Structure formats: C-alpha cells, structure tokens
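Asks: Now for the letters of each chain:
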Amino acid sequence: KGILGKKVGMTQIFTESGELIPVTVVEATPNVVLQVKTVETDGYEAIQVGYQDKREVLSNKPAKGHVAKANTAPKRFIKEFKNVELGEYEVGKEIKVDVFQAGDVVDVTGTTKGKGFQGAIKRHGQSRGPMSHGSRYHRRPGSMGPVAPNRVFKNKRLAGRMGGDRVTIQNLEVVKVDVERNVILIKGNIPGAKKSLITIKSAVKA
Amino acid sequence: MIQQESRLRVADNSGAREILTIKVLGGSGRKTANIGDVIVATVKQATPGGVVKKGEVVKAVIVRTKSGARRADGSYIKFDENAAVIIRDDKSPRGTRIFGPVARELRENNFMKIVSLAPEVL
Amino acid sequence: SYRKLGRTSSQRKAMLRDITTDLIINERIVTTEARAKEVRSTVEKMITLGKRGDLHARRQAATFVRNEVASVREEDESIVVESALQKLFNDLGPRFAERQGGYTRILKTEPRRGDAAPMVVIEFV
Amino acid sequence: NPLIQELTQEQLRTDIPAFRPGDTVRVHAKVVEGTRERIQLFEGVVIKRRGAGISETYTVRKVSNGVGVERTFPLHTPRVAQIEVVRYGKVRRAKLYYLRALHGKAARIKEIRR
Amino acid sequence: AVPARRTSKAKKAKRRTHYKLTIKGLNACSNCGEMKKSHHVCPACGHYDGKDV
RNA sequence: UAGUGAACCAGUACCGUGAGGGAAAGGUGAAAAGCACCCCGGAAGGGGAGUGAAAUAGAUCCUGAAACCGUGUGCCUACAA
RNA sequence: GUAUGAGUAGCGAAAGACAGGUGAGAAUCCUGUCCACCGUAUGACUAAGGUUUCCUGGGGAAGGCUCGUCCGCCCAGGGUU
RNA sequence: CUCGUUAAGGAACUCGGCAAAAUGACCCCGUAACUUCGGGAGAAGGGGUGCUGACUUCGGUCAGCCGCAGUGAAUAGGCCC
RNA sequence: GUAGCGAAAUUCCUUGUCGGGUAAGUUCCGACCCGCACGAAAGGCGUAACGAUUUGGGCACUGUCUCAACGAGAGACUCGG
RNA sequence: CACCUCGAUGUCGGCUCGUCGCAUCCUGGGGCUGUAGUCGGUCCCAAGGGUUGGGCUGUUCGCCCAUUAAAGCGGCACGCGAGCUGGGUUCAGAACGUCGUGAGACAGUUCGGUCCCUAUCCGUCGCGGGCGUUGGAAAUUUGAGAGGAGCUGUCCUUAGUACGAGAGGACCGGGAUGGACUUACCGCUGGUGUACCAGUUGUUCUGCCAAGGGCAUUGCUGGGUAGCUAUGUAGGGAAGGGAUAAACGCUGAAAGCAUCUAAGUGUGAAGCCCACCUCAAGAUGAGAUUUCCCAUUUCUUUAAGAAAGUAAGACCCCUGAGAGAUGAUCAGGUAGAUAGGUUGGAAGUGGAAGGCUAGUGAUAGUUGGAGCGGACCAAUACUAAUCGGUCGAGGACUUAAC
Ligand SMILES: [K+]
Ligand SMILES: [K+]
Ligand SMILES: [K+]
Ligand SMILES: [K+]
Ligand SMILES: [K+]
Ligand SMILES: [K+]
Ligand SMILES: [K+]
Ligand SMILES: [K+]
Ligand SMILES: [K+]
Ligand SMILES: [K+]
Ligand SMILES: [K+]
Ligand SMILES: [K+]
Ligand SMILES: [K+]
Ligand SMILES: [K+]
Ligand SMILES: [K+]
Ligand SMILES: [K+]
Ligand SMILES: [K+]
Ligand SMILES: [K+]
Ligand SMILES: [K+]
Ligand SMILES: [K+]
Ligand SMILES: [K+]
Ligand SMILES: [K+]
Ligand SMILES: [K+]
Ligand SMILES: [K+]
Ligand SMILES: [K+]
Ligand SMILES: [K+]
Ligand SMILES: [K+]
Ligand SMILES: [K+]
Ligand SMILES: [K+]
Ligand SMILES: [K+]
Ligand SMILES: [Mg+2]
Ligand SMILES: [Mg+2]
Ligand SMILES: [Mg+2]
Ligand SMILES: [Mg+2]
Ligand SMILES: [Mg+2]
Ligand SMILES: [Mg+2]
Ligand SMILES: [Mg+2]
Ligand SMILES: [Mg+2]
Ligand SMILES: [Mg+2]
Ligand SMILES: [Mg+2]
Ligand SMILES: [Mg+2]
Ligand SMILES: [Mg+2]
Ligand SMILES: [Mg+2]
Ligand SMILES: [Mg+2]
Ligand SMILES: [Mg+2]
Ligand SMILES: [Mg+2]
Ligand SMILES: [Mg+2]
Ligand SMILES: [Mg+2]
Ligand SMILES: [Mg+2]
Ligand SMILES: [Mg+2]
Ligand SMILES: [Mg+2]
Ligand SMILES: [Mg+2]
Ligand SMILES: [Mg+2]
Ligand SMILES: [Mg+2]
Ligand SMILES: [Mg+2]
Ligand SMILES: [Mg+2]
Ligand SMILES: [Mg+2]
Ligand SMILES: [Mg+2]
Ligand SMILES: [Mg+2]
Ligand SMILES: [Mg+2]
Ligand SMILES: [Mg+2]
Ligand SMILES: [Mg+2]
Ligand SMILES: [Mg+2]
Ligand SMILES: [Mg+2]
Ligand SMILES: [Mg+2]
Ligand SMILES: [Mg+2]
Ligand SMILES: [Mg+2]
Ligand SMILES: [Mg+2]
Ligand SMILES: [Mg+2]
Ligand SMILES: [Mg+2]
Ligand SMILES: [Mg+2]
Ligand SMILES: [Mg+2]
Ligand SMILES: [Zn+2]
Numbered sequence: 003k004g005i006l007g008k009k010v011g012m013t014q015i016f017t018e019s020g021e022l023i024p025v026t027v028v029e030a031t032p033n034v035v036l037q038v039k040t041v042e043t044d045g046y047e048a049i050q051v052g053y054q055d056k057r058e059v060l061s062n063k064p065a066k067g068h069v070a071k072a073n074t075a076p077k078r079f080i081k082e083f084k085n086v087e088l089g090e091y092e093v094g095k096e097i098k099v100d101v102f103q104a105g106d107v108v109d110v111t112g113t114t115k116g117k118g119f120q121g122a123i124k125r126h127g128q129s130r131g132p133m134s135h136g137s138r139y140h141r142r143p144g145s146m147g148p149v150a151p152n153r154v155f156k157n158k159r160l161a162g163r164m165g166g167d168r169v170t171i172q173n174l175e176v177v178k179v180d181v182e183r184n185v186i187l188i189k190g191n192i193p194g195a196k197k198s199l200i201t202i203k204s205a206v207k208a
Numbered sequence: 001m002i003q004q005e006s007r008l009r010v011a012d013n014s015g016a017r018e019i020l021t022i023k024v025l026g027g028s029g030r031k032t033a034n035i036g037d038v039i040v041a042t043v044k045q046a047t048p049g050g051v052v053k054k055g056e057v058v059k060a061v062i063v064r065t066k067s068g069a070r071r072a073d074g075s076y077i078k079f080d081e082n083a084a085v086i087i088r089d090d091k092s093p094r095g096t097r098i099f100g101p102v103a104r105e106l107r108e109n110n111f112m113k114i115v116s117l118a119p120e121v122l
Numbered sequence: 002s003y004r005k006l007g008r009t010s011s012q013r014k015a016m017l018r019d020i021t022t023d024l025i026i027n028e029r030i031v032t033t034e035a036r037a038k039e040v041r042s043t044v045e046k047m048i049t050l051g052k053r054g055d056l057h058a059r060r061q062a063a064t065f066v067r068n069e070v071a072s073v074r075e076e077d078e079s080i081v082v083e084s085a086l087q088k089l090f091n092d093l094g095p096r097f098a099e100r101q102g103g104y105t106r107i108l109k110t111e112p113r114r115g116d117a118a119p120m121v122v123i124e125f126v
Numbered sequence: 002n003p004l005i006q007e008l009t010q011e012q013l014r015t016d017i018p019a020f021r022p023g024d025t026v027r028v029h030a031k032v033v034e035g036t037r038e039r040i041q042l043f044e045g046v047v048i049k050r051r052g053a054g055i056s057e058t059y060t061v062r063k064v065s066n067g068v069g070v071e072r073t074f075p076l077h078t079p080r081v082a083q084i085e086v087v088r089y090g091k092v093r094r095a096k097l098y099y100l101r102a103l104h105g106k107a108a109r110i111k112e113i114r115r
Numbered sequence: 002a003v004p005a006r007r008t009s010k011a012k013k014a015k016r017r018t019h020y021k022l023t024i025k026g027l028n029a030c031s032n033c034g035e036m037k038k039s040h041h042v043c044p045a046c047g048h049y050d051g052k053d054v
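Same order as they appear, the protein sequences are chains H, N, Q, S and 4. Start counting at 1 in the first sequence, then tack on 2, and there's your number in the entry's author numbering. No gaps in the numbering here: position 47 of the second sequence is 47 in the entry's author numbering, and each next residue is one more. Start counting at 1 in the third sequence, then tack on 1, and there's your number in the entry's author numbering. Start counting at 1 in the fourth sequence, then tack on 1, and there's your number in the entry's author numbering. Start counting at 1 in the fifth sequence, then tack on 1, and there's your number in the entry's author numbering.
I should point out that these hints are in silico values taken from the structure, not numbers from a laboratory. By construction, the Cβ of each residue, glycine as well, lies at the ideal position given by its N, Cα and C atoms. Among the hints, a few may not be true.
To be verified - Distance condition first, Cα-Cα at most 20 Å in a straight line; then the derived SDA-like pairs of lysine to any residue: (1) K91 (chain S) to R101 (chain S); (2) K66 (chain H) to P76 (chain H); (3) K81 (chain H) to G105 (chain H); (4) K109 (chain Q) to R17 (chain 4); (5) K178 (chain H) to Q6 (chain S); (6) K31 (chain S) to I15 (chain H); (7) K78 (chain N) to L76 (chain S); (8) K78 (chain N) to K96 (chain S); (9) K189 (chain H) to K91 (chain S); (10) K156 (chain H) to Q128 (chain H).
Said to hold, decoys possible - Partial pick of chain Q residues on the chain 4-facing surface, computed with a CB cut under 10 Å: (11) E75; (12) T105; (13) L108.
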C-alpha cells in the first residue's frame, strides 16, 4: 500500500479523550497507475504511479504518449512502488487516500528542506571551540587527522551543501483520512517543504 | 531545566532553605532535571534550628520550576521559581510541611506523601 | 521579501524615499535593476495612498514622500509651487483612479560604463 | 491554509466567551486522578493570547500560596469544560509579561465593566 | 601557504579552460533590424515591443 | 654589464639630519629625404599614398638571440597512476 | 628581462540619490534639489615646515589604488605692494 | 571580524570570571573593622527622579494623570572579606 | 644566631601535620616548628592609607560555559574596472 | 646506539576532530568453580556500540566529591599549534634561599613577559562544465559497489515462585517507561526576528498648532509575522533469516571399547552476510523498461564521407523560490497566477488621524477591537515574463537464429 501526495502543512488535532497531537496535512489527489512492471518485461515487480495533473503545455510528446495508455492527463510526479500485489493493479487504475485507514502505521518519505552551504557546526552538530580565553577557534571543523597517513581520511566531515536529501520517517500514525478532500493527517512532522512531494507507504517494520 | 550548580528554594520545613545541585540522577550523561526528578544536592543555606543543616549532601525532588511541564492534554504549567523538597531514600519528605503550590506530575511519580502535604496541587 | 541594496536599514529607507520622490516628480528615471525592482513597490503604494485621498492617507504618505518642489508654474500672475506630496494627491491619484495596481513599468537598457551595473528605466504608464 | 482551516473547523469550539489579555477568567479544567474525573478551577488573569484557529492558546496567571503560577490552555481543548470571564481589566498591551516581576498591589488591574 | 612548484604552461592553460567570456541574448530588433539584447530596449532605435521609448 | 663611478648635461638623479653613499642611460639613414595628401579614430595608433637601395631602417628606429606571450595547424589525446 | 602564484590578495575608517548640463565617451566633472556627516571641529585664524602646490585659460600621455571631460598632475600666462 | 538579542541554568568555562555582562548622573537617609585620628568613605545598604494643577517660606508639600519603564535616549564607580 | 618570624617570593622531603573554608581545595587562610638552606640598616617584625601589583573567597552579573540559535554590517561569493 | 633532520622536523597540558589495535571496562555467548540462590572468582569467544560532571593542581598522573551498565588499556611525530590556546617549561626585568671574593649561577623557587603565513599540488567536504555510454530525445528504474545505524538503565509481571534452615532470592518468558545518541520538522513551549505595531527621552527639520520625518547602538523600551531555530515536537537503533566463533552435541570408526569427526549431521554471540536508512550504471562491464521523432537536402565516393536545414527535444533570454556562493535544482514565460502591484483576509500590535464629550489641566471616554499591518493566505493579467534566437537524428560491421 502506498500513495503520493503534497505536503500541505502542519496543524494539531484533538483526539478522543481530549489529547492534542500535531498532525501534518498531506493532500493526495487520486494517483493513477501508469505502468505495471513484471519479471517478464523488466525483471522485477512494481507499479509506476503518477500524481498531480500537469498542464499540457508543460508536458512533452513522449510524456503524453507514456500516460496515454492509462488515459489520463500528464502527471507531474511519477514513482514506482514495489512490494505490492500486481494482481490488484492495472494501468489506468486510481489510488485514493481511502487506501489507508486511521490508525495505520506508515513510512513517509520526503526531500529535506535545503539549507544551502552550511558549516560543520550546523551541518554535523560538531562542537564549537571556546569563544573567549584567547581562543581564535570558534566554528571550525576540528583537526583533519593524524600526521602519519600524509593525507585526510574519507568521511572527515566538513562544510558543504546541507539538506535536500531523501529522508524516510518510519512508523508514523495515520490520524485521519478525508476522502472528500483527499487529505491524510499523519501524526508528527515529515521531511520536506510545503508543496513538496511526499510518499506514504505501509510501514516495512510492521 | 535544573542542572548541576543550579540552586533551588526548599519547599518544606526540613531546615534547609537553599540547596545547590550536585547530580541529576537517572542516567550516565543526563544533563537536566525537571519536575518530578530526584537530584543530589547540598544545603547552601539552612534555618538555624532545622533538622537538615548547612553543608549536608541530601537528595531532593523538584516540585516546581520556571520551565515547568507539558500535560498530555496540550496544556502547560509554569511557576515563578525552582523549588525542591528534601526527601529520604523512600521518597518520604524529611520535613513535615510543604510550602507553596506543587505540580501534579508528582502523583504519577508516586510522591504521594508530598502530594498530600502540599497546600495545593496543580 | 525585500532587497537590502547594499545599504544599512536607515540608509536604504532614505534612498528609497529619495528615489520614490524623484520618480513621483519626474515620472521617468534611470536607475539600476535592483533599485528599480524595489522602487516599483514603494511608489505604487504611495500612489495607492494618493488614490485613497483622505487626510489619513495624506499623512501616511507624508511620512515617506520627501518635501520637494514637484513643479512650479506662474498662474494668475503668481508663482504656484506644487510639492511632491501635493502632486501625488492632486495629479497621480486621479490619473490612476481606474488602474488596479501596476502603475509603473521597467524597461531594461544598457549596463552602466563605470560598473557594468544593469540599468533600467522606471516610468509611470 | 484554506485546506487546514476546513479540516480543523469541525473541532473548533463555539461557546468560548469574548475575552482579551488583562481579563480575569476562571477555567473549569477537567482533571483525572485515576478513574475519577474532577473539575479544578483555575482563576487568574489572562496574560497572553497567541496563535490562530485550532492552534490558538491562552495563558492564565495566579499567585497561589505566595508563588506565581501560569497555566497555558489550547483555546479549543475539550478538557476545559468552561471558560468564565470573572472581570474585564484595563490593560494597554496584548502580552502582560511585566506582571511576572510585580507582586501584590503592584500587580493590580483596574476593572472596566465592558 | 606558497606554491611549492611553479605552474607549467599546460596546467595554467587547463585551469583557464573555463575562464572565458560569453555573449547571450542577441537577436534582431523588430523595429529596425539591428541586433539587440532580448528583453532590452534596442539601443539604436530606442524601441521595445514595437514602440518608441 | 667592458673601459674612469661617469663615452650621454655624473659625482648628476636618487638615498641620508650629516659626514657619506651613489645609478641608469651610446648606434635611423649616405643624406631627414623624419612619411605632403587621403581614409578609420576624440586622440593615440593604424591602412593606403609617398621618401629611401632598404620603412619588418618610422624615430621604443642598425643587427634583434633566449626566457615569456600569442595566432594558424600536420599528428596525438577525455579508463588514465 | 620575463614568468609562476593570478586575473588571485588589495583598491587605505563614513551616505548618497535623482534631474539637467558638458562632452567622442560620465556612478566618478559642473549646476540644481533633497538627504546625510563634523560642529572645543571635520569650523575660523595663525607659528613652523613646505616652496608656487595660489589665480586664470588650456590638456588627458604619465601620476590619481576605478573612471575622469576633473585635480594639489601636465602646458601657457599671471599673482605676494 | 565588528555589533544586537536569547529559553532554563548561572562560572558548571578557564591556568585564571580572560572577555562580556552588571554598577554608573543628581538629591536624601545611612555607613563597619581598623587607624598614623587625616582617613577607611562615593564603605556597604537603601530611597526619590516623569507630567498637570493648588500652595509655598520658593526647597518643598498636597492633590491629580500617564507608562512595562520617568538622570524614559547619550555620557558618568561594580562591591565586599 | 639574641629578640622577632618560620612549609615563608626562603621548606628539597611536601599535596608535611592539624584546623577553617568547599559536596569535594597540590591553591588560599589560622596554627604547629626537624628553619634541606629566616634573622636584625645587602635591616627583623608590624603597619593605617595607597596599588591598571600578586593571591584566595563571597555578592551581583552575565553566551565564559551546559549547547548553541537568530538578526545587522564589512570581507568572503557573482559581475565591470 | 647515534642512522634522517642543526642553509629549523615546534617542545608538556588542554580544546576541536577523530581513527585504529585487542592484552575487553560495560553490554553479548560460553567452560570450570572451594558455582545452593542473589552475588561472584577464573578462563574462552567477542572490538558492534558505549564507556561522565565536578574540587585541587600548568599539569599528565593522582586524591577527593557525586554519578554510571561501564567510568578499558594502548598506537597514530608520547595523533592533531600553516586547526586553536599558551597555564608549565628555555630569552631579556626583578626578588628570595643557596653557591661564588666577583661578574654571575642553580644543587631550587617567585612575580612579568610578541604563537607570523592571501593554500600552488595531493588529500578531504560540496557543486558545476565537457565528453563518453555507438540514431536523436523525455521519463522511470535494477543494483556491482559504498556509506550510515549498531548503546543501554529502571520498573512491573511470571513469583515472593525455583533455591535456601533462614536471611535472602532467580534463569527462561511477557510487558511499561527512561538515559545518551540520532533523522526530520515549526502545529505546540520558547528564541531570534534592523522595510511589523506601540510607548518614550533629547535635539533638529516639515513656517506655526496638531501630525510626523532625521539622528542618538534598531536612540531606548514592550511585543511580534514569515524564515531560521532547541532546550520544543515527532520518529529510530523492531522483529527475523543465513553461515559461524568459543561451547555443546547426535551418529561414527580408525582403536570390538571409548570417541563432537575422519566421512556424515545439528545447536550456538550485541560479532560476520542479510534484514532497516541513504548514495549508486564514468558499474568505460557505462545495465533495464515505457514513451516520442523518422529515414530529408547538397557535394564528394563508396567515405562509420562532408555540411545544412530541420523533426522529437533542449537551451539561450526573461519572471521567480519550496532552491541557491556562482553554476546547478525546481515553479513559470500570456496555451500565464512566476513575481510586483491591486482587492479581501490572516498573524501581529493594541484602540490611528480628525472630531465630539468630561476635566482648570495633565489626561480619560467615545466615534471604533480602530488604525496600521515585511516575508503568510486567496483572488485579480493592472505591470513585467514581448519579440525572438541557438543547438538538436536519418542510425557501422560480423555471425547465429528467423
Ligand atoms: K634595417
Ligand atoms: K602549437
Ligand atoms: K610577477
Ligand atoms: K600570472
Ligand atoms: K581642465
Ligand atoms: K586550576
Ligand atoms: K572598603
Ligand atoms: K515609577
Ligand atoms: K562614576
Ligand atoms: K615552618
Ligand atoms: K630557606
Ligand atoms: K579542611
Ligand atoms: K594589597
Ligand atoms: K600596580
Ligand atoms: K552574545
Ligand atoms: K556548563
Ligand atoms: K636540528
Ligand atoms: K563465567
Ligand atoms: K567493541
Ligand atoms: K581543573
Ligand atoms: K585513542
Ligand atoms: K601556534
Ligand atoms: K605543517
Ligand atoms: K604535491
Ligand atoms: K522629534
Ligand atoms: K539631520
Ligand atoms: K521575541
Ligand atoms: K548509462
Ligand atoms: K482617535
Ligand atoms: K486588528
Ligand atoms: Mg562542549
Ligand atoms: Mg601514503
Ligand atoms: Mg539610525
Ligand atoms: Mg530627489
Ligand atoms: Mg491574536
Ligand atoms: Mg657603472
Ligand atoms: Mg629585417
Ligand atoms: Mg631594430
Ligand atoms: Mg576501468
Ligand atoms: Mg581512451
Ligand atoms: Mg588561489
Ligand atoms: Mg577609499
Ligand atoms: Mg566633544
Ligand atoms: Mg588650483
Ligand atoms: Mg585649471
Ligand atoms: Mg586612471
Ligand atoms: Mg540566557
Ligand atoms: Mg532569562
Ligand atoms: Mg572549575
Ligand atoms: Mg573543567
Ligand atoms: Mg574583565
Ligand atoms: Mg541613561
Ligand atoms: Mg599549607
Ligand atoms: Mg570555586
Ligand atoms: Mg585541609
Ligand atoms: Mg636575607
Ligand atoms: Mg647586615
Ligand atoms: Mg626592606
Ligand atoms: Mg573582478
Ligand atoms: Mg659510528
Ligand atoms: Mg630547508
Ligand atoms: Mg580475545
Ligand atoms: Mg604530540
Ligand atoms: Mg600541524
Ligand atoms: Mg657570600
Ligand atoms: Mg637542575
Ligand atoms: Mg601586567
Ligand atoms: Mg516553532
Ligand atoms: Mg508559524
Ligand atoms: Mg507639536
Ligand atoms: Mg550630527
Ligand atoms: Mg499563488
Ligand atoms: Zn531597434
């Protein structure tokens, strides 16, 4: 079980018993199965899924041809889902939020917000140097290594572009499903900026 | 958030007035203690006639903090000061009376004697 | 967001007031790309005040528009001087009574010789 | 944002009285000490209102047994059976953080009878 | 820190591989036919989008 | 780069409070005949047109090396230590 | 003499903006307007020292840490009773 | 690098409270050990400061008003053993 | 080798021993005296006041720190010189 | 010992950053026990992870305080000063004890005392351009290989059971909740928030009143949106396979017996291979799938020839942000909501100006939850993304099968 949606934002919800929990609102306009991959044709089993109808002028003839089989408008996002029952899916089939029910445990994948070039202190949570007592070492990445190798070992973490990575949060709870609004309320917070792509899947650990 | 060297008022009549934190029990690297946590402290100022006396290493439980606690229902409680109660090893308070309001978190932590003696539990 | 224009906060405010009053007076000026892309919003907000026309808008604008001589005529054998603020509320507001925003346009032109700084013309429509 | 408003519009409560920071309110806060549930009254002056929609919260301050205490409640929590406006105070700002430093008479707020 | 070895001609030229100018956005002006920068007022005739300015 | 420090406006320029220290720098052509005039350019500088045996002898002017810089390309080079 | 580093470091405390003018050419020169800075001074006099840097009219080679139509620079006159 | 702000804690930092923070003007009250009797001493520790009326002996006092805050900004000792 | 002082700016053994201060004090303070190796004008002992002196403790204070976060400006970065 | 370095290889301690070894401090498995149980002792396997906060001292060390499951031992120029500090030690000053006749000196102490360098190459962390991957393109992908992560307490129950005479008190099994660490995010609690709101001092300017602007650290002060954020919130190290280490076997001879082994066969660890997360076809071995374009023109020569228009498509240019040092990425370019403005809201502030009323007045009430309102939300082509240009295939051969 899986679906693709757009990270609408964050709010909070009162459960029964009056508890208050943070939820992330993820909207998922019905995704469409654009292609079915099998061991015969591709060597592995999975279904290609498209989401977020795209303006035609924003699409290419090759892209339109690919989606023609499913007989739907061009989709902005396309992703393959594995570990699903291919028998249950066919090109042109629709997937709605109702695939999930409240109380489900899911893995949510997103692309972390990009911070750009960041120093080691922020990027790797390393310790500053003393800010006084004559210190001229505040936000620097520490020693690069011992003398003997005459080089620097790999993974000596340094400043660089931070964020924008594929991150999965495991075992988030599906608080609610609104089919009329194609909304899934997921307990907690999930990676990615608002309007970014989000991938909900049934938790693998479960 | 009470940490080592943090000073707290004493919310009982055990004799001590102001204590200083030595440890935050509960873990090897634990840094901070909040309401309902036990600490090892030293008496930096004691009432002249009290049982507990100045310079004594004692255990205490934090009963109210400036940075208070978050309740499961989404509410919060914050106090105007950091106060603790000196206790024996079995959570029994060393003194007989408790001063000022106390946070309700102590109930689930099983400081029932302090909770009963408290003039008010919030 | 907004641009810093390589000035401190107070300096940027003063420069924007200067350029905005200059555009009000002349209706067409030449500046750099960034200065123009910020002056457009400021001057159009000033025109919004002028369109409103009430005393409250007048004073709000006066906090921003500079105290300069927009124009001078000899009317009734007497010199009539119109300030930048008076021109705004007497001419520019009524002129744009109908437009729903977008009172200015920016035309890109040659880069400046001394800097190669991209230059543009900002002018009322 | 419109979508979030719609989702949380259902749970928004409706009987919240009209009060602003500086007004004295009594909060009928439900409490459970096990199986038994009880209403504990927290009466004090509203120090702060922040947030919007479902996320709006307000803080109430009272000096009990010589110690200042503040409770922050979600404005729409079902755990608060009722909010009652005991008095309307005259203040000049939204956040009354200055009260935390004052005591007794210094912290008094004139009433206005709106 | 100072260069340990002088840079050779070949290495220097390799480095300057990417140190070049470029000219982009030039196409014929509609009004006068002179080459101009797209989205810019034609410096020759002072026309943009078919109007004098 | 020799020969006086100085072949040339040299004990000069320059340095130093001062005593004192102390340079660099020769060559158009036989003859200025030192490029009238025209063209591009604000000029500089060029291209013609001329002088000349020679102008790639045009005054930074005989010859004009090497380092260094550049243009054109016959061959080679983007799995290589 | 010429490289390398390298078209890299630096371009030496701070507010400028626009309109007009001049001009081959202007962020950098002129005029105007507003704005801003110093004001026991970043103002007004002077001694020393400098030694024409003063004024007027020209110039844009070099100097000005960019530019320059401008200058305490260059050219020509003139100025100390 | 220069500068502003900071939850809770408050020297746990460190060789060392280095740096920063804090104190800072005026008026009033009050001020220790010790002493060479001068000092210590601005010890320490506290209080007042805005605006409007009325009255003043003209320094005040009384009453009222406003703010989170009244030497409302800038410039002004941290203290003790 | 007297008085006076003494683990001292002098005590190696030494973090001497004991007491005070701290939860914990090789530093500090008081005391003791087996003074390695004090001692009376290369002065002995004490001493109010003074000290950008050295040393230990306390209050206040805080980004010194737990443990870092944000914002402003200059450089860095892109472009023209 | 004196082999490199005296035309310089910077010395203790600390900080920052770690990495490796195992002779293992904790956690894991196991044998023996003078192992009843709870604790242990010793030995074997085991380096996956973890292994602290202070007082004193320049210190390492060490003692002490308080914790912890534990507070491991070592190498890396006693790692790490072109990464930091500079307290100690080795300069010049001065002083004490001591030695010297003396200048001075230490067989010793004490106070004070300049730590320079713009990264060329490799290396390391990030990001682009070129070409390749054999027709040209748009997407989606397998995973050779690589990295990450790997910790642990307490309580409850089983059970006051097994064991023990009693005190005491379990293995195994099942739950709950923490510590430290860590991946994300701003709905909450807070921080910040220099083009948001308000109060307020001095002076000065808009001629004056009123209302405002300038400067005073953003003048100061009280709040605070977006964004960025931790101490805030959510989540993770779950379960489980495969082959093994020590160890224990089953069957079994050599060796009628015995025997875990030689053949045969099994159990067995936080360890190894998976499992979980991320990168990944420049994996030149350049993979796979879906879809799109279509075999053009001219000249040379049978040329895998040359160039020249294009097709599919991409880019230039332009409007930008959820992206960003710049490239890049992504959202758009009138086939339009990409940004600015405008309109209406929201947060936020806290009652605008101008009036009126009361008051001698400061001021208060009212008009009116007003006015203002950066980044947030929704609509609206009003302004600007105009017009345009550039690049971009015609698909080699050999041999199986058909
Ligand atoms: K010649
Ligand atoms: K060549
Ligand atoms: K050079
Ligand atoms: K060079
Ligand atoms: K001139
Ligand atoms: K120390
Ligand atoms: K004193
Ligand atoms: K007051
Ligand atoms: K003072
Ligand atoms: K002694
Ligand atoms: K001695
Ligand atoms: K002691
Ligand atoms: K002294
Ligand atoms: K001194
Ligand atoms: K700070
Ligand atoms: K700390
Ligand atoms: K040496
Ligand atoms: K054992
Ligand atoms: K290990
Ligand atoms: K220490
Ligand atoms: K190590
Ligand atoms: K160093
Ligand atoms: K080195
Ligand atoms: K090298
Ligand atoms: K003013
Ligand atoms: K001014
Ligand atoms: K704030
Ligand atoms: K490929
Ligand atoms: K009003
Ligand atoms: K409002
Ligand atoms: Mg740290
Ligand atoms: Mg090597
Ligand atoms: Mg200012
Ligand atoms: Mg102007
Ligand atoms: Mg609100
Ligand atoms: Mg000579
Ligand atoms: Mg020749
Ligand atoms: Mg020659
Ligand atoms: Mg290879
Ligand atoms: Mg090759
Ligand atoms: Mg360089
Ligand atoms: Mg300068
Ligand atoms: Mg002065
Ligand atoms: Mg002159
Ligand atoms: Mg002149
Ligand atoms: Mg120049
Ligand atoms: Mg703080
Ligand atoms: Mg605070
Ligand atoms: Mg310490
Ligand atoms: Mg320490
Ligand atoms: Mg200091
Ligand atoms: Mg002041
Ligand atoms: Mg001693
Ligand atoms: Mg201490
Ligand atoms: Mg002792
Ligand atoms: Mg002596
Ligand atoms: Mg003598
Ligand atoms: Mg003496
Ligand atoms: Mg440049
Ligand atoms: Mg030998
Ligand atoms: Mg050498
Ligand atoms: Mg071993
Ligand atoms: Mg070393
Ligand atoms: Mg080094
Ligand atoms: Mg002697
Ligand atoms: Mg010696
Ligand atoms: Mg000194
Ligand atoms: Mg937040
Ligand atoms: Mg928010
Ligand atoms: Mg006035
Ligand atoms: Mg001034
Ligand atoms: Mg939009
Ligand atoms: Zn044209």
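Asks: Does each hint hold? Answer for all of them.
Replies: Structure-based check of all given hints:
With a CA separation close to 17 Å, the supplied pair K91 (chain S) and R101 (chain S) stays within the 20 Å bound. Straight-line distance between C-alpha atoms of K66 (chain H) and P76 (chain H) comes to about 6 Å, which keeps the hinted pair within the 20 Å bound. Between the alpha carbons of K81 (chain H) and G105 (chain H) the distance comes to roughly 25 Å, so the proposed pair goes past 20 Å and is violated. The straight-line distance between the Cα atoms of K109 (chain Q) and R17 (chain 4) is roughly 32 Å, outside the 20 Å bound, and the hint therefore fails.
With a C-alpha separation of about 15 Å, the suggested pair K178 (chain H) and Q6 (chain S) falls inside the 20 Å cut-off, and the hint holds. For the given pair, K31 (chain S) sits about 18 Å from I15 (chain H) by alpha-carbon distance, which is consistent with the 20 Å threshold. Of the supplied pair hints, the one linking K78 (chain N) and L76 (chain S) holds, its CA atoms being roughly 17 Å apart against a limit of 20 Å. Distance restraint check for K78 (chain N) and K96 (chain S): the Cα-Cα separation of roughly 16 Å lies within the 20 Å cut-off, and the hinted pair is therefore satisfied.
Only pairs whose Cα atoms come within 20 Å are accepted, and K189 (chain H) paired with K91 (chain S) is rejected, the gap being roughly 41 Å. As the CA atoms of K156 (chain H) and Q128 (chain H) are separated by approximately 17 Å, the hinted pair is consistent with the 20 Å bound. Interface restraint check: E75 (chain Q) against chain 4, minimum CB-CB distance 32 Å, threshold 10 Å, status violated. The beta carbon of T105 (chain Q) is not positioned within 10 Å of any beta carbon in chain 4 (closest approach about 14 Å), and the interface hint is therefore violated.
Satisfaction of the interface hint for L108 (chain Q) is found here, the shortest Cβ-Cβ separation to chain 4 being roughly 5 Å, below the 10 Å cut-off.
The structure fails to meet hints 3, 4, 9, 11 and 12 from the earlier list, while all remaining hints are met.
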